[PDB]
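A single chain comes next, written as structure tokens; it is the form deposited in one PDB entry.
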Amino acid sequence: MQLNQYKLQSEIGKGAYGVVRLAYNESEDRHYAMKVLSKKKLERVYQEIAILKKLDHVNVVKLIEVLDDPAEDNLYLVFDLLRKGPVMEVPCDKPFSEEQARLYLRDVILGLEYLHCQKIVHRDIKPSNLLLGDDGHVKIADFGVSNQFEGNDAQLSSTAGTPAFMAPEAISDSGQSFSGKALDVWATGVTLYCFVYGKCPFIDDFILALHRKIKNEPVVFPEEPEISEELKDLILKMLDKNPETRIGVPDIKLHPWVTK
């Protein structure tokens, strides 16, 4: 299958959207990752995809181009190919070192800072959505649940993303909207915990039990592997159940663990 300048080759991943496939550009001798969406599965989307194409940061996966036959179902988003794939899948048998987790936390924070400066909240930060670049740095991927906002923050009502990474305020009977940036800090906190432990801080196969744990249980650090008191401090501030006091990106950047 040829799609303009790309030869579509084998599948490398699948989802609710559709698939991701290798796309060979012969005129460049470069492979790409082509995300093939179904329009029936998805007006407003065309505008959101156009915002995503404007994004340019070393810790955000670059959307190269969009191909579309309006008379047909498929929508093709062409991205940079990162052949090392997701940095981690949870749960896993062996986590990263604390030192390695730090380099990846720095990447995510810089990427997130950049997205928030561009008035985007990601809403699905998690290890499997962090692609490992050939330069050793992670790039934030999967913007399917992201939202653009105006002003200083997103104000949100609906829940979206991955249950195990959703902040308490997003799943609580608030009768009130919640701030989108603090959702991304929380999710990054869950992610950070996954980097050093290989498992989420709140785990349950039963969604109501998962929600209860997220809302009601404190973070419990496994006795092994041991981590630094400084990392524990950062994780507890990022997983503060109160979004009003939960640490922000500016302070995360100044945290002693991050700067050490």
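We call the rigid core whatever largest set of C-alpha positions still superposes within 1.5 Å between the two forms. Numbering follows the first chain given and starts at 1. What changes on going to the form deposited in another entry:
- In the core-aligned comparison between the two forms, the C-alpha of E28 is the only one from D68, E226, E230, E28 that shifts by 2 Å or more.
- Relative to the superposed rigid core, the position of the CA of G15 differs between the two forms by 2 Å or more.
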Second form
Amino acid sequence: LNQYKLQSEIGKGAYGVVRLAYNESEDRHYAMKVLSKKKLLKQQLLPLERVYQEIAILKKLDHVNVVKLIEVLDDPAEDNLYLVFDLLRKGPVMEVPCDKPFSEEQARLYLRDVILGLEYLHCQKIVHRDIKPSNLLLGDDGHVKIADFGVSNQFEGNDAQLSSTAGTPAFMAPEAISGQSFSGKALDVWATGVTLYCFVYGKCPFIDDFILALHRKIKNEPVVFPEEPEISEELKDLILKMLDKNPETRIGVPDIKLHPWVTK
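Same protein, different condition: the form deposited in one PDB entry was shown, now please give the form deposited in another entry.
Partners and other molecules have been left off, which leaves just the chain.
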């Protein structure tokens, strides 16, 4: 739309692409997500319907640990739909794999951010469904914000009752990979455990190039802390509680906030 110059591509989420966008008059840069309606059709909730579900979520979001939607340039004549967010120019906090992970204490501060954001979203009746390091954007204030609401869902009552899979394989909980329907909240906690694991190790806890072997490692193998880097027994204990294969016993968000690794 009139007031923005679209510059280079900066990231690519689940749908569309994100481009750096300059407001020439305002002397100010933004993150613009661009969706092509022709491209959407090729990828019972239809596309274009699914986009406006996302937009409905995005408009509610008002938390320091979640991204902020500014406006929607949305001309029915044009093919493109444009979603304008505030820019966090540093981008994702981490891309996995990577050789240099964060210290345990830097990881703790990033987990607090992600938990506070998740709590907000859960309080607001949203589940994210694709929490991973590459969807956590680093602010200039040192805090991460949760991005990419492409597979996220609104729900009623205590929890989202979900049938199908969505988001990234490596961060899907055992119960989601089928038959019976499962907790939204619990799937978000599992992904955040895998995220916490990535923060301190730089690699996922279950790794395989073939998806069937990944599924079995997720469903059956235990979490394995390598000897190096060394982390604390208190952190290991939180990770095992978050990567608990049974969603009934798995630690919920309110008790993660009271875990001694989180608080001290």
